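*Asks:* What follows is the residue order along each chain.
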Amino acid sequence: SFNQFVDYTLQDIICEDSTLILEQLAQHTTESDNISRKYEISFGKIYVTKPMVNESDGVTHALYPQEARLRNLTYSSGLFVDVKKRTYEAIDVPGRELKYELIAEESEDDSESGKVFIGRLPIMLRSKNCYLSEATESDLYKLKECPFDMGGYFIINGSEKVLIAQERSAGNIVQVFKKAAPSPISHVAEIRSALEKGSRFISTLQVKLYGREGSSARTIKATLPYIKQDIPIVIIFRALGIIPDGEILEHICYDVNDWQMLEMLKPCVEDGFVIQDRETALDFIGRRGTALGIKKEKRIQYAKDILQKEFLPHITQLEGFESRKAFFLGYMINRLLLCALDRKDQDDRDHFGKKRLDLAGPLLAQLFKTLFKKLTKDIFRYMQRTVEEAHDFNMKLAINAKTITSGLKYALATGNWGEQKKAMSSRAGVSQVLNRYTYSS
Amino acid sequence: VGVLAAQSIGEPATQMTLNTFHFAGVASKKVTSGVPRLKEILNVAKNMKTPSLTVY
Amino acid sequence: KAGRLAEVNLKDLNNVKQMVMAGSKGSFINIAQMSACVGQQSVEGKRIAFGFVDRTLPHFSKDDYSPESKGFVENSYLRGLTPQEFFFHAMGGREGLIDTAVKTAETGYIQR
Amino acid sequence: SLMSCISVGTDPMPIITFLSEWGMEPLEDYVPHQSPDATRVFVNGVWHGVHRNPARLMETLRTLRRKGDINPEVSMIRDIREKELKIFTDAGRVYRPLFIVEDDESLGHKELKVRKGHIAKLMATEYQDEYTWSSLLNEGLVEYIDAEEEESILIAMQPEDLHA
Amino acid sequence: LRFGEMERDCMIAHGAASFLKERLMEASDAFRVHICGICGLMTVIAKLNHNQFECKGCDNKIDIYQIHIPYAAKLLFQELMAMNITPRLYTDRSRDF
Amino acid sequence: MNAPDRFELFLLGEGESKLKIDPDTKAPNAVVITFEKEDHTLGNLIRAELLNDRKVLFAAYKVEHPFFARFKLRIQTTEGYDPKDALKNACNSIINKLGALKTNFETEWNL
Amino acid sequence: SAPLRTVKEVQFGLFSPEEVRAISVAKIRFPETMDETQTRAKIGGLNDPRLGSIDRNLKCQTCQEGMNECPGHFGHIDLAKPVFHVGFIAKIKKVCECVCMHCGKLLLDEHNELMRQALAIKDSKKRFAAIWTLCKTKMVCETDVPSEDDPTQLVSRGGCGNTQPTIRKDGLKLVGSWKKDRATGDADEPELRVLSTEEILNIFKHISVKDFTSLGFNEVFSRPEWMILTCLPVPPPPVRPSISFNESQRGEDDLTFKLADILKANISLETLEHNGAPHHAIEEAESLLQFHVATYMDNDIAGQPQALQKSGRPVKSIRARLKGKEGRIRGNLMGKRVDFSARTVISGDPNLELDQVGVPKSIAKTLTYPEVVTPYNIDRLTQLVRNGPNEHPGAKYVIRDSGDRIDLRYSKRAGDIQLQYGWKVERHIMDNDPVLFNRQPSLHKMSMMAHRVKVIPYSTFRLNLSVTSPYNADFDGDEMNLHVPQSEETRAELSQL
Amino acid sequence: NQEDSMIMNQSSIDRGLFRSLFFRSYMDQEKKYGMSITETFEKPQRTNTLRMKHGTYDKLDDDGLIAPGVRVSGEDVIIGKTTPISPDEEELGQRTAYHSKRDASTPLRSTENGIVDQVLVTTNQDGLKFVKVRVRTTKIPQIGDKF
RNA sequence: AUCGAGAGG
DNA sequence: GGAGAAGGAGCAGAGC
DNA sequence: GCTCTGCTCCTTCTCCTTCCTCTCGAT
Ligand SMILES: [Mg+2]
Ligand SMILES: [Zn+2]
Ligand SMILES: [Zn+2]
Ligand SMILES: [Zn+2]
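Residue numbers (the entry's author numbering), protein chains in the order written: chain H, 50 to 490; chain U, 1064 to 1119; chain R, 728 to 839; chain D, 540 to 668, 678 to 710, 734 to 735; chain L, 1128 to 1224; chain C, 1 to 111; chain S, 8 to 504; chain G, 834 to 980.
Derived by calculation from the structure, the hints in this document are not laboratory data. In this text, a Cβ means the ideal position worked out from N, Cα and C, and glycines have one as well. Misleading hints may appear alongside valid ones.
As the list claims (entries may be wrong) - Anything over 10 angstroms on all C-beta distances counts as not near chain U; from chain S, calculated:
#, residue
1, 9
2, 61
3, 73
4, 98
5, 117
6, 149
7, 197
8, 327
9, 410
10, 437
11, 445
12, 450
13, 451
14, 471
Claimed, not checked - Listed next, the in silico DMTMM-like pairs over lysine to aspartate or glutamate satisfying Cα-Cα at most 20 angstroms (straight line):
#, chain 1, residue 1, chain 2, residue 2
15, L, 1174, S, 72
16, G, 979, S, 483
17, R, 752, U, 1103
18, H, 246, H, 368
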């Protein structure tokens, strides 16, 4: 797991939004007709050194676990990243053309990158970045290490700490189950979905079957991202481009002879007679979701943006969703109905195959990611304010370099993986001191 | 006698590992027992898990 | 019945039997499980449930309610439990362990 | 458990490419009632499309995983009753190594693919202090089965003795 | 060692009244405090060298009494006073029955 | 921590005589003797020989607690046979038999 | 020295603004702490303005007494504005929902049989509840109230005549909704605005004694008006220990820091309103004061805004200081740590009598008993003194009639000290002493029993097998507690009960 | 051996049955920031030390440390750390005489009793002297030990 | 001094 | 988790 | 006859806890 992180994920976290911009295109500067100036930073390849000592006198040493343990040091390596400083000098060329970034590109001063220090990274022993990963038994004796020590842990301030795998529910799955009779919902499909491509999202679609079949269960509604109120699936489909009846059921019921499912679906279509215009459906969604802004379109585009980017986030950036996403939506609805129709039983919420374990890789990935973002956010505002970032970036980065190092260390050191504010999603116990009574302990 | 009775009743309750079954009876004894039932009694629950009415 | 067969045919020399007869640690079921059939394992008052689709383990075919497939242990502790019996027994043991924890929280509060 | 392992996950693209290569039809072209018996193919929760001969598809997909073309950790579950095929490349999945049973052995009835010679060569290597665990995977002798895939698996206990 | 709630409950069941007094006050927490007879608050300025007292606010330089009470209980009462709540300790039961 | 001194298993301490003879009140011609720093390695011999004396009505012993190397001996005899002397006789008897044991072993060994 | 008495009654009530100042011995005027900022002192108006003393200092209302027998003293804070007591905001709301509003009289009266039934209730806590229930409806301060006999005759008691606004709770503020809303076009729809604390305070002052009693209260010990804070009391150092963090540092109790924050908020108003007033913007400072005062008493009132201490944690309010498990009542009062006790592992010992217990010499040496020197035991006690504090039949501190404690660990007079009758000798535990022995958790009487001590070697408690049945004990590592009696009365009590 | 209690062969214990060796480590750091006050390690003196502990320092060497092999028991001091008198407002040093040498030493835990095994003297990444002491003692099965 | 974690009964 | 307390709402009767 | 003046009849919200003991390791 740890190797997977440093081999790929670490680079990918940096790669995502690796650049920072500052397009101060046609602004004011009375001396010209809206002056144009631009700046841009570009992070590239990361380099990971071997565990290194940073002495108070500036001298560095190859850090060997044993010394780290004896001198209360943290067994971390140096992180260096390609950082390009693209300075686009104010061109001062009065005119409409100053509104383009292209004319700004013409004054680009591409300052070199190289190994720019970003921070330190705690190295798991016997990992690809650890000396002991290649050391032979004889060498281990020379280094006064134990030939039986598996090394699956970190050394922080000399303390041997280990990340404990944490169990969680798998994302992008369909959880159909019965809702308590004390509620107004009979059946519900809890759709946990997360676009784990960087931004994560982690949203939940609630497809609800309201009460009993002789009552409100006749119409199914769903809870959409940000939308405060529940919205009839028949409206959602129309909003997704599926107006025509029959077709709207074609995406749900996959059997023309299943009159029982069709029976339950019928009333939904009945409610669908209220809105026949896709634009109206989108309007309905937007104005139902929140305060009626975007009055120019009554939040039609707003609703579209939610459906495009938030609704079922694991399938996005694709206009083909009008069919593809519609199929997935109706699929989930179909399964919900199968449960209600006694075609399939309740999903087992304790099934181990539906669970996932977060290991050092995935754990550090989440932790580091937020630390990396903190770094780029601070720099970003300093670049905006500073008159020529080229003379400030060099220092502000270093300040945030310390931030990541100490933030990353702290979280691992205490096990408190919050923001040091108020147990922000605390996971105290995620990082524990290894038990050292027996080899087996 | 207050505390004494409280302890007398509270103590042996720790031996009730039956919960709902393992006591047997004449009719289909699906009757809440052990600690779960004790809680219903002491709380005076308005919605007991097992009502059951005996008619002679 | 199996337990009684074992019990009846124990000699008075039998040390376990003597402790049971004295009433100092031990009971009929303890003898029955050590010497004869351990018995049907149970979870929440039921036989081992189908945690897999229509079956209790991946070692059984689907739709099979034959005693041992749902926790019946034919072997004694003396004889030893077979992998499946072992696991099913472990499942029963687990809920037992759980209840011994919960009941202390519950009765502790009640007592107070 | 002693031999329990956790997946580090990978990129599902290669597989998606294979799926289309082997006739998996995109949902934009999917017409339920036209092909009501098509198998719904999902990768990591994403419904990519459907297929009209999932049996042959699995024959190939399993072969690829066994060959090493598809990273051994990738899980593949064919649901014969609900007409679905799920493939997972997601990290964090827990899986166990099992012997592959191959009744193709015409020498008799159903029998293990792993033969004594593999053990002889393996042991030999174990005492040369070339076979290794990864070579057992490369030869397609054992598989990584996670809790989810087990739903479609029938596992023998002791092959030496082994109603099914 | 903590003499817990359950431990004092059992002494009650035993009827060991003086034992509890000893273990709950003599074995830890004990404080002599002067209480104003008019208003049962701990505001008496015990000038223990001139035998001067004075409640102040009640101008009571005569009718006061000494209470032997657990220090923790003193804190409770002062912490109640901190919330604008009086706990007036009287040594003469006015509510006969 | 608070473990006892192993010297206390056989060495007499301050104010500790080897023997203390008390008179019983539950029966006539009966005494109870306390052996300090002495367990039944010796004690069992004493009882055994006392029970070989037809003028002894009672002979028994007990170690009240294993934490202490002490041994209680109770002797009851017939009228006139002072139990104290009965014990003295038992000791003489035991020694004489041990003397022969040694002699017979040494001879058997040499041969 | 005043006469010794016992507490027979506890009368609860609320402090009267004036009363607070009457007992207060400090004006309190500086939002600053220890040393007045580098003066090696305290604060002229905080911490030590004749209040609770600190290490090596006396004063404390000129009574000195060091920090031993010297309870602290309360100061006070004159608040710029009236502040709702966080614990009475619900009651204040309900009271305002019963009184006619700016009248001082209840909405209902005798002229109403349903009200008469409520008024007939003796249980005050149920009475005002019944009154409030009825007063939830018809919230109009009708001047002329229809007589129960010949309704055309009415009683002109409603001093206002207007409607009584309803009240909505909004955090630490109450929102008034002045019914109005005339049917003729919904004129003046229920005017909404936050009710001023001062308005309510004045109303509470208007409420008559008859109305006090009607809603409970007590014109001597509790008035509606006293639910609004106008003058805080300031807890002394004994209550809010200044602490000596690490080496000569501070780290004063949360209350000290929080009280300073209150002073700052109060002063903000003091100068803001007085000098450069910014009209409605003053309310922000009023809200600030309200917030700090309410939270110092209770750091948790639904509204997400929980007060945090600059260190990155919640402020430990007074409520937090004395609530739930491990909080005064249940923590330090109902149960507590005690001296003259021991704990260790038990082991079986079939050679002990049912009522005996084997106690390790190291424990018998540690724990003591204050035996009184009399003509019947002075021989033994003088020997124990000579034995010293290094024998399991020894002794420790010797108490003279003067109260002097002779530490035998620092004495070369083991054979010189002559005990006098009336002295006490804190001897080591002897055999046959009565001690209380128990096992946790204690579920019944049987878990607490008195045993006769037997001093033994080694380091475990020894028990007769048969006594473990009631203790529910075993010998797989169980631990038991000893509680050793000090008075003769308690020894007898245990041995006989 | 009445319950879960057991009878163990004392002769076997004497020979070495279940005998074990116990280690414990102590440590301390040089100082913080030299703002008119610095901290160090040095053997203290009863008359030339302020707020001295009630143990002993006569087992310490020149730098307040104990060489390996020395038997150290109970309250005996093992690290003679010193920290100048701080009677002033700034909590720093002060112009005093005998009491200027205020200590801040570390002893063994009151229940410990063994000999010094190994003493380590290093510096952290901040260049601050760091003392770490390992001590050891033999644990011989008692009647209260669990097996 | 709080705070979490690991255990024991 | 399962109370309890506070609030909106939906109809038999009832006076103009 | 028809709105009106009450209800009482519901639904929709806020609040709380075995014992006890040990150690370390962070701020
Ligand atoms: Mg036990
Ligand atoms: Zn007074
Ligand atoms: Zn004073
Ligand atoms: Zn009014």
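*Asks:* For which of the previously enumerated hints does the structure constitute a violation, in increasing order of number?
*Replies:* 12, 13, 17
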